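Turn these sequences into a full structure, and let the hints steer you where they fit.
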Amino acid sequence: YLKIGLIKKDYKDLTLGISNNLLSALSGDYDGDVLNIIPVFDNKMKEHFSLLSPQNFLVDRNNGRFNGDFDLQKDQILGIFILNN
Amino acid sequence: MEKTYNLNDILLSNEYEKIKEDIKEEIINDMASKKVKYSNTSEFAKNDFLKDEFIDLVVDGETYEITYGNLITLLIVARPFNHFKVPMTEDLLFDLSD
Amino acid sequence: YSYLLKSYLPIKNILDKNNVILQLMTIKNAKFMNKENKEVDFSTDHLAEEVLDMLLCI
Amino acid sequence: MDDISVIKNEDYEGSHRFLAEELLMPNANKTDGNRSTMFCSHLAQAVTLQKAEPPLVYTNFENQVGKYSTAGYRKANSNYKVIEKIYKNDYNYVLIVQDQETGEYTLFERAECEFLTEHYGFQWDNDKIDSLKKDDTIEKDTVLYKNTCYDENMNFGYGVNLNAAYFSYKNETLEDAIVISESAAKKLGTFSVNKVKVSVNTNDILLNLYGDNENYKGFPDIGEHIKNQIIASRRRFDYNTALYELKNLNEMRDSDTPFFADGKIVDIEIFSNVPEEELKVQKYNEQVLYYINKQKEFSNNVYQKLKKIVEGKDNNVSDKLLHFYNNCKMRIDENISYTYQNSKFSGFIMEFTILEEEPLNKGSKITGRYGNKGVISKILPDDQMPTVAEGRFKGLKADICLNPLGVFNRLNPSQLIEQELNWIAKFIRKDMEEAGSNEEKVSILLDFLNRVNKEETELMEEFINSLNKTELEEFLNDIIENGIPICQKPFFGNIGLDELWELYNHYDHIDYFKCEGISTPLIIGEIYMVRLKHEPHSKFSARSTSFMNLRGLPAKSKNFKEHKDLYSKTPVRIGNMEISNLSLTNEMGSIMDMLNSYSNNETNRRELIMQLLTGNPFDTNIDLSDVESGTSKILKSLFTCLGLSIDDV
Numbered sequence: 342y343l344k345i346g347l348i349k350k351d352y353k354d355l356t357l358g359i360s361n362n363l364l365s366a367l368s369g370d371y372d373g374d375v376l377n378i379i380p381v382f383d384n385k386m387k388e389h390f391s392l393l394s395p396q397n398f399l400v401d402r403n404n405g406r407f408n409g410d411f412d413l414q415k416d417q418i419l420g421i422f423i424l425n426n
Numbered sequence: 001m002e003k004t005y006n007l008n009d010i011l012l013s014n015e016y017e018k019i020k021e022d023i024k025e026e027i028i029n030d031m032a033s034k035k036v037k038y039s040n041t042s043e044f045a046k047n048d049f050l051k052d053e054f055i056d057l058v059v060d061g062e063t064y065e066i067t068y069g070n071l072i073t074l075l076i077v078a079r080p081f082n083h084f085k086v087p088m089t090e091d092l093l094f095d096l097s098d
Numbered sequence: 407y408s409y410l411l412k413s414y415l416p417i418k419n420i421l422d423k424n425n426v427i428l429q430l431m432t433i434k435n436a437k438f439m440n441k442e443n444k445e446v447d448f449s450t451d452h453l454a455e456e457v458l459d460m461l462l463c464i
Numbered sequence: 001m002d003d004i005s006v007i008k009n010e011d012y013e014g015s016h017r018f019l020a021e022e023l024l025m026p027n028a029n030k031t032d033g034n035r036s037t038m039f040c041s042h043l044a045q046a047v048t049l050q051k052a053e054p055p056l057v058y059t060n061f062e063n064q065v066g067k068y069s070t071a072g073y074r075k076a077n078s079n080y081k082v083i084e085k086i087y088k089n090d091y092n093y094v095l096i097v098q099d100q101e102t103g104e105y106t107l108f109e110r111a112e113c114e115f116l117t118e119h120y121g122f123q124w125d126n127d128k129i130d131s132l133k134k135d136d137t138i139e140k141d142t143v144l145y146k147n148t149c150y151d152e153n154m155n156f157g158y159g160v161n162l163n164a165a166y167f168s169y170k171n172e173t174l175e176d177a178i179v180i181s182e183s184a185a186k187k188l189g190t191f192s193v194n195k196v197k198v199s200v201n202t203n204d205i206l207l208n209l210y211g212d213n214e215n216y217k218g219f220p221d222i223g224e225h226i227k228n229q230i231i232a233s234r235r236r237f238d239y240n241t242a243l244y245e246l247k248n249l250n251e252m253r254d255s256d257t258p259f260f261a262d263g264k265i266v267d268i269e270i271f272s273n274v275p276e277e278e279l280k281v282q283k284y285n286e287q288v289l290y291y292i293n294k295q296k297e298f299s300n301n302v303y304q305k306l307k308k309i310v311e312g313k314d315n316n317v318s319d320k321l322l323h324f325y326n327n328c329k330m331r332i333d334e335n336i337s338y339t340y341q342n343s344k345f346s347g348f349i350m351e352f353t354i355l356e357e358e359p360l361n362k363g364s365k366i367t368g369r370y371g372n373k374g375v376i377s378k379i380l381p382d383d384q385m386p387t388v389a390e391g392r393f394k395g396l397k398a399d400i401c402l403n404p405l406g407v408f409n410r411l412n413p414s415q416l417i418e419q420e421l422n423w424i425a426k427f428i429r430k431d432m433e434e435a436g437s438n439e440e441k442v443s444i445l446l447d448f449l450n451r452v453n454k455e456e457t458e459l460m461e462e463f464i465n466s467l468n469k470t471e472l473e474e475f476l477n478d479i480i481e482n483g484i485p486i487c488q489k490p491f492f493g494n495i496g497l498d499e500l501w502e503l504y505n506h507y508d509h510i511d512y513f514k515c516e517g518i519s520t521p522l523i524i525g526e527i528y529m530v531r532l533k534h535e536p537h538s539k540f541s542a543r544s545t546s547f548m549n550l551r552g553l554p555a556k557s558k559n560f561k562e563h564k565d566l567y568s569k570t571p572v573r574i575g576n577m578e579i580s581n582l583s584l585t586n587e588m589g590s591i592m593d594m595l596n597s598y599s600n601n602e603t604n605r606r607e608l609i610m611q612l613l614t615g616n617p618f619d620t621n622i623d624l625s626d627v628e629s630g631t632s633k634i635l636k637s638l639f640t641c642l643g644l645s646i647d648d649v
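Protein chains in written order, with the deposited numbering: chain d, 342 to 426; chain D, 1 to 98; chain A, 407 to 464; chain C, 1 to 649.
Some hints could be false.
Cross-link-like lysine to any residue pairs, in silico, SDA-like; alpha carbons within 20 Å at most [to be verified]:
(1) C:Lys308 <-> C:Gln100
(2) A:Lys423 <-> C:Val281
(3) d:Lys344 <-> C:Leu582
(4) C:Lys394 <-> C:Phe167
(5) A:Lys412 <-> A:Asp459
(6) d:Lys353 <-> C:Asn228
(7) C:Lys569 <-> d:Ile379
(8) C:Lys128 <-> C:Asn89
(9) d:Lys344 <-> d:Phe398
(10) d:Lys353 <-> C:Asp262
(11) C:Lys533 <-> d:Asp354
(12) D:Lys35 <-> C:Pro381
(13) C:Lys514 <-> D:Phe49
(14) C:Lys247 <-> A:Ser449
(15) C:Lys247 <-> A:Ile420
It is worth saying that the hints were derived from the structure and are not from the lab.
Encoded structure:
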């Protein structure tokens, strides 16, 4: 359950700009495969489907701990490692 | 780099965001200015970056020696204490290198 | 009517020659009785003026 | 097992008979099988490039592939003499020729573009056939028209050569993504051709989308370009609605049917079953009458001019020429009737060929020759990219930047090899430029080549010795600026790790480039890049409300194929697994409301559309009815016919 924050200003550009940390939860990569978008209109439906928001998936349901799928990807890991070590 | 930083004071102050950004800008500009040298041997070359330099951090009245990049990462990871106005607790600390 | 035909000029070649819808509407005069069972009579020229002005006011 | 024991390495020595597609891949010895399979698929997924260049690092088997593929060039196998030239359009004409040896008569047609399927096609270089006039001579081997993939000397290149670097650009290269400069984006542009048919009947009339008050044109002329992305629009004409709807025929109305396409017209063909006199009456279809008369005049010309050739008993006419003459004679013959899909059509049918140049966009896929697939993440200004500011190579910028994380894990070392060889080639070219003696230049070049591929060194020695001094100077200069060709055959003759070790230890001066603002000294070098067919326009779809099926449930329509719609408007399916995943939210009522309002129930759909159309735009709260869904009705009827009825306990 995601939120639109920007409308792209170019008619030629037709690509959903998704955050990198979202890749692991989707179990997907930038191979060009198409993702499906279903807009949610009703406010009650918004509060009901908010359980699929990234915040609710931050807590890994197996261990009750932080989900590593929403943590840093390997490139971000390289950056942070260079910075701190 | 100011050699000493007070963690809880930066976290509670309303100047926390600009301090984080200033540290970030200093680190990235210094990295852009310098060039990395590879010895390709057991010995390691003398590469001096702003991230590698050590600093002293005052947390709950105790001094911990950490790197500058460790400091900026710790400030990023310590957003809850600026949001809730609660002092940083020493048990909520770890090895930022690992 | 000429100013109106200038706007309808493209369709005049085929469609208007078979039937002028504007003139067909203008010429149609049917019996008119009010709900109070009272009939009315009016000249075709006044109706034609108002029909032209209605088609122009669009 | 021991079956593989039959494979003898000695038998396949100096042999490339086992390689097929892989022949176009340099250093195929070093790439893994998976990346090679990806390359074989990419060769099919490749698109024609307007600025195609021969590969800097090549296998020399590429020109053979270009020659034996017959779809790009045309060769007049025998010696011919141009009998005549007749013009259908300024972009399309026809050449009637005669074999000087056999005496048979044959035909050659020209056009600006060729269409393969869907929106895929390419432009032509018709300069050789356009130079030909009446009574000219065509030789036994002559390229009458060629694709952009082939250059002037028939060298074949399926992609461009781009300066690349392995770099992490603001995490925009995560997984596998490419950031490319605008200047490099210009070189990665392709053609898009579409054959769109608009059918007009006596009921519908065209709209004056193109032109002024004096000139009525419903569709662009041959040379004109498309405006507002609409080839034409048609209105159904009925005498009851004619008084108000037919007025203002120049502007669009909600009742009109529009047809979408973008580019430049290059050929229009109109097939009319209407009597020509009625078209002469109609002003709105005057342009159709003009093009109809143009086609009829072209056919009259071909009849008048080729009757003697076709009907001469002591003459031989090719079957193509005979069929062409017969078709034109049928078109000029009286009582001719055209059928589409085995059905006599009312009115006429217009077929447009539209050609445009589509450039590189975000989401478009470009790959190398070693299975290195990539999706263009950002197209950035060429200044806002790694620039080197140390040494002789100052001012050089990276055309593309690739992900460096898992280059080893992908088991494709040939990428790095090609980059390294073009990188050292840069230094060789600079050393050549600094020298003022031509002999010194050829000495440096032969040294580097002998270090890489010895056979190319011998061939270049022969080629240089055969050249005139002015031709040798041109050769040297263009090599200095454009680049040096290096040959790395796929399996035998490639440069291994030890050869690169020798090359790196000999040229002691060569070292990593230090770039502005970047701490890590990196290497930039030219590698080959090809463009894949998959693109953001390929699978884009956006449906709000579209045609409903006979069962009252949403379903796809052929409108996008007929160019009646701009985007697909194709409905997504919510799978059973998707329902299971959505069931994580225990609000089954909201999921059922979603499915009912979007698909199953008509009343809920109408209510949703009305709430969104009128009310508060920023706060949308809907109340839905509990009327049974149409899917439930279909289920009830089917089970009733079975003899069973589901009833709640």
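Checklist line | Violations among the numbered hints | finding: 12, 14
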